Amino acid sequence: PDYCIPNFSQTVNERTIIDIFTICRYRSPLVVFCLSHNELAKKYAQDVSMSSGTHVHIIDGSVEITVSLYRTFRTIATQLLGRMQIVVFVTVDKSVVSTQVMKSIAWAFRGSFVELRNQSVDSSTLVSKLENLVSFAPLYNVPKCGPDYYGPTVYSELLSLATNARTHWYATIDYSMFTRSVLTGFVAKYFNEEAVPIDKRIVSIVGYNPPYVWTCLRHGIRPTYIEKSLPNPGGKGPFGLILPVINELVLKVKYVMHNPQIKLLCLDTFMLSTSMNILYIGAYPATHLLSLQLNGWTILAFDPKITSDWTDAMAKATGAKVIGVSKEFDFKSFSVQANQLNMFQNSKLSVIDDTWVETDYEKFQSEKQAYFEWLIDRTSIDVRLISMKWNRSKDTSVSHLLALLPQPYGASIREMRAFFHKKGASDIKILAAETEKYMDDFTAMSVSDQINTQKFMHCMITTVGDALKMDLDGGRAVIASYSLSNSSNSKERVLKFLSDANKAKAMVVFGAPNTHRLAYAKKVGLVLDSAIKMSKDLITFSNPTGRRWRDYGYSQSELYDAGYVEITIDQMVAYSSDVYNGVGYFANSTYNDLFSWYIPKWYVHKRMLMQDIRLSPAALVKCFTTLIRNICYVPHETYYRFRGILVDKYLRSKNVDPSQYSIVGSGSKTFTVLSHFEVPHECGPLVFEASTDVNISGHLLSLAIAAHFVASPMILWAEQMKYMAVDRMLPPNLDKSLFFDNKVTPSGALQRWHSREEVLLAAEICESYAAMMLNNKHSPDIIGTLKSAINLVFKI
């Protein structure tokens, strides 16, 4: 035993399990770089491999593209835990493989994607981004699974002596930002695929979570928050939002956001959430809007600096109906028919006012105030909210004033924002002495304390109510995790709520800590009791800052019995690749991997049974097995011999007579049947006809290992495996290259994968397979919940 190979007894201990968890933080080493100049590709490929050992591939066109993709990415799928950079240069034209297809492939393998096939050989962009490969390897400054990034990691700082060649790195926070972004993008993809009308692209966020305002507007979605109780902001007015009171954050380390013109994005993404029609006064330039998707929005912009080119550019970039007007806004006409407001009749309207003067400012504002006080009251228009900049040294009385707030990304600015609303205060006297004293307290707070005051404006798009009783009709979109997962929320009452949402054809995306993965991480000693405790399903969390909170853990089998399928964040962004406008990430996160995300069973069966590369588990089914085989001296053919030996032991334990089968143990045949026999199973008996070949599913086995360390696509894969029990046709509306990893019959159809017996047999040896691979340091709980979920998928 100790002196034999393959060897699991000396090589796989609790320490090796720890190291595998650690290696999982590095499971995204891929960069996909598209350019149109092959000699330039060969030069930097050799440069980055000679200097840092980056594995490089070039898809040059000397081989057909489908074959080129299949060979390259079947190789790469096994190296993803090798802790070394991988770079695929793509030099074929866009007519051979399109930008959107290559982006789907790259993101399905957790890679960064760079598209530069239109640039000539000596572009500044092209040479610079190619030289970055050599400078940064094994790192790269293009995010994985997303073109954009705005966190504190600044890659140029790694090359500067002034910074000591260092930069910030908040893997957990950044991956949490990437997750909120992807969940939003998946809802965006769901809205397009279900042809949901534009003015109904609304998503309910259960529990307040500020970044969803920006992510939703980046995708043309309006967010609504749902909260159990209403925290009294402590200010004046009917909702307490006139000079609200503050309570401070805890000592930490600071996470800084580097969005350009962040102060304008914060107010404008919020206002755009309130109405599909916007009156924007002072809009020039509004370059910050160019990065949003505003399909269905109508913006009536007023600024003397508006040109005809500005209106055309803004509409082209955002997709919104923009109507630029190069006149100063006339605040002293009190008519609807003036200022072109006629278009907004019998519809809702919100107003954003960014106008300011250097002459007669303080009474210029009361002209605007008197006009906005008049404007909020029309019955031919449903004016929802008016944003105005406020700075007064003289006391004023204001009507319909709902809120008077500081600016979260305002720093030392003495300027405030006033919000007008129908349900606001009938009258209130704003004494300029207390706003000055208020702005002195605000400007003396830490930037972190200032940014958290955005909860005051965001509560103007918040609803009070129990999320477990909301209306689910209309395919309503809901994203829900902590605030739903546990507020002492009964696990029964949550599971029933999710069960009803699936039956109502609703889109409630749900996330929760994975009970059995967390347990396994604690047992092997990766997560310590001082950081995370657990008693059955109840979890007590803590982050390194000192905050603690309770949460309920769920498992894949509990949610499948409630009509919910686990899908990974990787699969979600790849599936949504042609709609995603979010951020990417640079590092994976152990803490984020403890959580699993789920989607309703009805939407899986409707849209997801035909697995192309976007929903492939290829980035998980090969790299864990390959890593273990390298540590444990498991030759390639020896691995397949082991699968036969485990089948032989299993069949003997079910009192099958060995004379009825012949163990082969190959890559194509597990065993041959001699006499017909049957094996008891909960999904009905497994029937093996005599003189047949049986080849059990390796995807199931290797995903069982993978489910110990990261979120598993096991249940989504199982549903696609059942679908692929017979030959299928390739969908005609999808690009053929998305199927390079789907094997094809001689007639050009999609070949069947496995029979039902071949799948469920793998489920039965699955426990002993993990016990073998992990030296009995596996988790029977994780195997059992998966096993129990495979059985429900194949239920008879």
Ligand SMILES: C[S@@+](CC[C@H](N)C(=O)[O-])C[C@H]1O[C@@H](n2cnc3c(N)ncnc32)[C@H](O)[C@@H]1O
Given for the second form:
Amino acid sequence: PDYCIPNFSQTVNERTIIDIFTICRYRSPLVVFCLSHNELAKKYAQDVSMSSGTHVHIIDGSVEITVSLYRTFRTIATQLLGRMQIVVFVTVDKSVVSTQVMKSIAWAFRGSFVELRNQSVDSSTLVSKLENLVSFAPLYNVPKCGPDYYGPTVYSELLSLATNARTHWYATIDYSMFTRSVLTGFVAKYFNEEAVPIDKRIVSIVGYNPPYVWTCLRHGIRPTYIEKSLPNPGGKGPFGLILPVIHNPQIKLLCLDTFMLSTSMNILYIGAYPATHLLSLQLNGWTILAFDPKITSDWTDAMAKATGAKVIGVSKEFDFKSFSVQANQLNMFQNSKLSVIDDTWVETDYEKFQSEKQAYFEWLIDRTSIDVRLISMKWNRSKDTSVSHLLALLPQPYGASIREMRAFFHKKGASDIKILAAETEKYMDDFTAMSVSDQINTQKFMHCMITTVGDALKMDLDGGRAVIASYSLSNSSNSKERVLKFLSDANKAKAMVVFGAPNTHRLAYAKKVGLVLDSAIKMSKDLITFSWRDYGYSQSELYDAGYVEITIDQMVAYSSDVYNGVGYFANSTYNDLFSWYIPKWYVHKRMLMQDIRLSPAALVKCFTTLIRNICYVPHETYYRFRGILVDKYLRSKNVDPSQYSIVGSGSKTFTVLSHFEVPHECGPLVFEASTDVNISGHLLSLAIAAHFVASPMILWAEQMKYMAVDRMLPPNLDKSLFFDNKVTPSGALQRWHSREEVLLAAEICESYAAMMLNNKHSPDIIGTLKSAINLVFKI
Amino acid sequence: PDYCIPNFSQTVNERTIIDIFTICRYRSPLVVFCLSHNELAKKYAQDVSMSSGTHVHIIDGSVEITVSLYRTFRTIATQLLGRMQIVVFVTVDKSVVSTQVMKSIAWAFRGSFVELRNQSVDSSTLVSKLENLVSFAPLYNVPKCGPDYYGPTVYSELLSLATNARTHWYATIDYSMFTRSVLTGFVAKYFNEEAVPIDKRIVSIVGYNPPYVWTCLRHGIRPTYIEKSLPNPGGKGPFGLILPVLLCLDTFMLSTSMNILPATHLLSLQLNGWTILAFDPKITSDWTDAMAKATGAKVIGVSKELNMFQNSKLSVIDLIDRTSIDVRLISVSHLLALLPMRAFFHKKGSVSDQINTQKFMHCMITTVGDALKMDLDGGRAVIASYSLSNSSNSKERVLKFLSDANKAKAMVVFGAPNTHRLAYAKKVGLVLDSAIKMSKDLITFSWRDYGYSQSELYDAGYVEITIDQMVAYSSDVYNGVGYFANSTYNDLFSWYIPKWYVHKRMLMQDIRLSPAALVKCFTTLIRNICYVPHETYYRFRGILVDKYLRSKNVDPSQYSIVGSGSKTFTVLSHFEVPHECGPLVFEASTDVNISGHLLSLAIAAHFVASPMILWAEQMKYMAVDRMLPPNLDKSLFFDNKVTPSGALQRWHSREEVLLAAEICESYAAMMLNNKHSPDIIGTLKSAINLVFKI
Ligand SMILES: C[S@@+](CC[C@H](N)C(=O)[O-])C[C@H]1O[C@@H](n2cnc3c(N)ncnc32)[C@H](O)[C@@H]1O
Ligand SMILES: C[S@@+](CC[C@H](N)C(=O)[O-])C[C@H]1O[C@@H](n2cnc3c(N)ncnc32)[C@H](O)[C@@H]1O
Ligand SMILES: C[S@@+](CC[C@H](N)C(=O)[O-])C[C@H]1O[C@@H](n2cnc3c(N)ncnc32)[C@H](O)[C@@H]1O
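Next up, the form deposited with S-adenosylmethionine (SAM) bound, please; the one we just looked at was the form solved without S-adenosylmethionine (SAM).
After this comes the whole thing, all chains and molecules, with the earlier chain placed first.
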């Protein structure tokens, strides 16, 4: 035993398990890099491989694209826990594999994606991104699963002695920001797929969570928050927002502008030039009337092209003394909602300028042909003044010791109020004397204006409503019985409530083996204390409530063609303790056909391969072990050994000699004489994967149940998205497995995990997965 | 607590050091597989990579052979601690790269070697060995660093339901048998290179150790044992070996005379210089041919039912004191031994415990005495494998004996526990006090040995060489076994050869003596774990040199830190740094590029035996260009630049080497989060300073 291979006994103990958790932080090694020059690709493949040992592939068209993708990514699926970078160069034309398809493939394997085909061989951008492969390996400065990144990590700093060749690295914070981005992108994908009208692209965020304003505007979605908590800001005015108690480029401007854009689809942007930060936003459905004397027709046409909003650029000064909804082209907004962003400034007579603007806005806010929702104005007043319709006067959260505030006019604002320039000087002087992280938190004063107070469990779920209930509904103030009822009702209403919660049994597994010390995180039954209390949730109870787990990887791959969020660089053990869930109705409507975006390809081989390498398990021996596990299961069911013959190969688990049946919750497992049984091996490795990271067992199981028979490919999907599965001559995705082959795998799953993890598995993880698989396959 | 990358502070603790020890058991993932059929190779490369993630290369000849080998094995060098199998297919013919060159490269990278290049596309041997690749991956059933294996592991039992698809696995026992076999093969290479006459190919095994008889006869060498403790076995006879309390006997008999009076077992031995007179009636003309060419012996088959030997000595295998023939041994008057039956005539005359009776046969080829006082004349070959390190021999006397063996140009091969490697393994908690205890250099294996260090033995005229280096160096005469797994226990020991032979035959570094398979794989592994980019690594190198020059009060305005792969720094104006080896001279307007492999070999020295001092001797020799040895295949030098003049191009200046040695303690503390061993670094540094003495 000690002196036998395969050896799980000496190789897998609690220290090995901890080491697998550790390796899981490095589980995203892939870069996919597309370019049109094969000799360049061959040079840098040689250079990175020879210096760093990066594993390199070139898809160059010597082999048909479907076959090339299949062999390349079957190989790569087994290596994703090897802690070595992997690069796939794609040098075929976009008409051979589109940008969107290759991006889908890259993100489904958790990779960075670089599209530079049809860049000239002279492109400094192409040469630079290639040299960066050799410079940074085994790291790379293009984020995994998204083009952009706005965290503190600065890759250029790793190449320079100025910071001693080191940069910041906040793995947990960056992956959480990535997670919010993806959840938003998934809602954007849902809106596209369900043909939601542009003016209904609104999501409710359960619990205040500031980054969702930016992520929503990055995808053309308007956020709104629901908070149980009464805000009580402690200022004056009807809402207490007049002086309340106290790393994107141009984040200062993004902070206010994405907030204001959240308040109306029609915007009057006074003094808008150049608003470069807007160009990264998706503003389909918005109308922006921009006034600035520096407006050119080219700025107008670039803003409209970048954002997709209908932009009217007025190259004149806006007239603050013409009190007419027919002046300043305001008539375009009659019978509609309007919000106004005033960023105007002048060196000559700045104080008088504002008194003019103030009087104009006090007039404008109260019009009746336009529903003016919110006006924001630079506020830097020397002389005292009395203000009308003032709802808020707030500091800038990214203002950082600066004179100027931001005044907010509203129809529900303070009718009149005396704003003493001695207190606005004091208030700003205190505010100048605070930390960056304190003052940034004052953005909650802005965001309460787009916050509804109420109990999200009581919200109206009508109309296919989109809701992101990230961590919030799992807080122990919401009882599990009420949340499961809510979610069940949400699925029945065919709403889109996206739900996240700590994963009970994975959190418990991580405690039990000594990863988390039982200090930084602690639990008792399903109640969990983080360092606040949430309830953990598991897949069986949620599947009963009509919810199916999907991983974050699957969500961003599925949404790849609308995604406009951030990527990430490292995985994070903390984030991996959570699971995310979507309603069953949407899975069955749109996700039963498993193209690579919804595949668990990047999970089903990498853990098994790592364990076989550690434990000296030969390829064919693995399949022998599987047949032996089946043998012991059938024996334990008093099946007569005479009726079957174990084969134990990749293509045949066993052969049925004579007819027999095994009693099973879902109805007996029927084995007909003289048939070959090939059990569903991916169920077994997904059960191992579920010990360490979110593992999409039930999404795969629903897909697997659907693939009891052949299914025609969907007509509006590039067929290369199906490269990883057999497609019949007729164009049907070929069937996968019978119910017996899947439920048999579920029946031996406990003994498999015990074998592969030296009885140091979690029987609780297995049982909740087994139970939910039986639910998928119920009579 | 740090939120920065690179990160050693949260990533490298004592448990990380333990895991690296564990990964070193998997450090031989390579298989080198030669065949003539490229579409064949492409098919099985796809099969094994797609199913098990094996990394596959195909050297097919679309790129010139020297370049292909260089690119392939520079890549592989970085990957040897990845715990994933690596397969290199070679499909060019033997006139592009020979069997012997490819075998030498394979074993220099701790690989399995398969040569099937002239088999046809559906040869069943070829097709089977290719499917074995898919079936067994990540393992493979052809041993590493040797064609044969005779341990308890049986690979077919992995594919059998009846045995529960498991087999025996005795890593330390198998690596010890591999080690004995390689030491023997190295003595065989040494006899070859020294043109030692065939009648003089005799090795003294210090300490009784049974497998050496078979390994010696596998290489045409006769063994003799030297033992200090050998008390009476309790028999009647002047040797006391009568009644004391197949391949085996013949190899023992063959040890006792170059003239000897089916025998299918004898076919695998090497018996050049032996003359066999064979008695049986079954003898056919072909069998004598087969025996002669297989074993290289002069054999005559009588085909029936004796003064070739009037000049010589003779032994006979089933009267004695003739004056014409000196009958050495025959297998009652003049009887020497009767053992478990079988009789032995001499002028001067439970199943596990039955095998240990071979101790009674080997007594007759055993000389009693203290090996520390033996005669060292003649370039005598001696294998002091795990014997002279025993604490009964004192360190002063052993180091004296080794010192004098080197002066005398003897070939005494010495092995000993590595003090500071062992101490490190215990300090981080790998080796438990239960198993091995240590007080200074005295070690208790739970017998007691003294540990030795590399500086000690270099002071005594000895140079460490690794097992991997010995078997690769000896690849063209090797006839021993390979291994399947590495073993922590075996890695705790270091092996040393005398300085005189190193300087005479080992200063020219072809791949067989390269540290290629150690200089990148630890570094690459640590960079992966600790998030160290490729360029950043050379930035860190620049920082360490800068901190060092400042600690020596070098004026920083006299140099510019570059921190790249090709320039560590540039000298702006002349300066000099005092050093025990003579000042380090830095001239204006030149570029300095320190020898980074010193730093990586010091890291490797924490975990496994080190080729550091052999590398340093070669590095010293390579201060200038050196013409290639005329009778070596050119491709063996693929890993180093060769001049148009036909010379191996010079490597580094003494400044570049000693600067590396000077920053070596700071490099190891950086890469191991201060969890390194200052003593390992210290013994390597003082040794390197001795290699480069004034
Ligand atoms: C965004 S995190 C806040 C974490 C931190 N411990 C705190 O309270 O500020 C969870 C938020 O969601 C809110 N939340 C939880 N359940 C809710 C529900 N059923 N309806 C509305 N808000 C809810 C909580 O009040 C909390 O503010
Ligand atoms: C603070 S900068 C605006 C920057 C812009 N908000 C952005 O995000 O990049 C001041 C701008 O106000 C404009 N401005 C000043 N008076 C104006 C007026 N009466 N009408 C329109 N624009 C005015 C100037 O042309 C100038 O472009
Ligand atoms: C550490 S033991 C290992 C051999 C064997 N495995 C055993 O258990 O004894 C080394 C052997 O070599 C012998 N030996 C040690 N030093 C010797 C010397 N200087 N001359 C001859 N024999 C020596 C010892 O008597 C001992 O039997």
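Heads up, when I say rigid core I mean the largest set of C-alphas that superpose within 1.5 Å between the two forms. Shifts are known only where both forms have a C-alpha. Residue numbers count along the first chain shown, from 1.
Once you line up the core between these two forms, the CA of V744 is the only one from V744, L734, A771, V63 that shifts by 2 Å or more.
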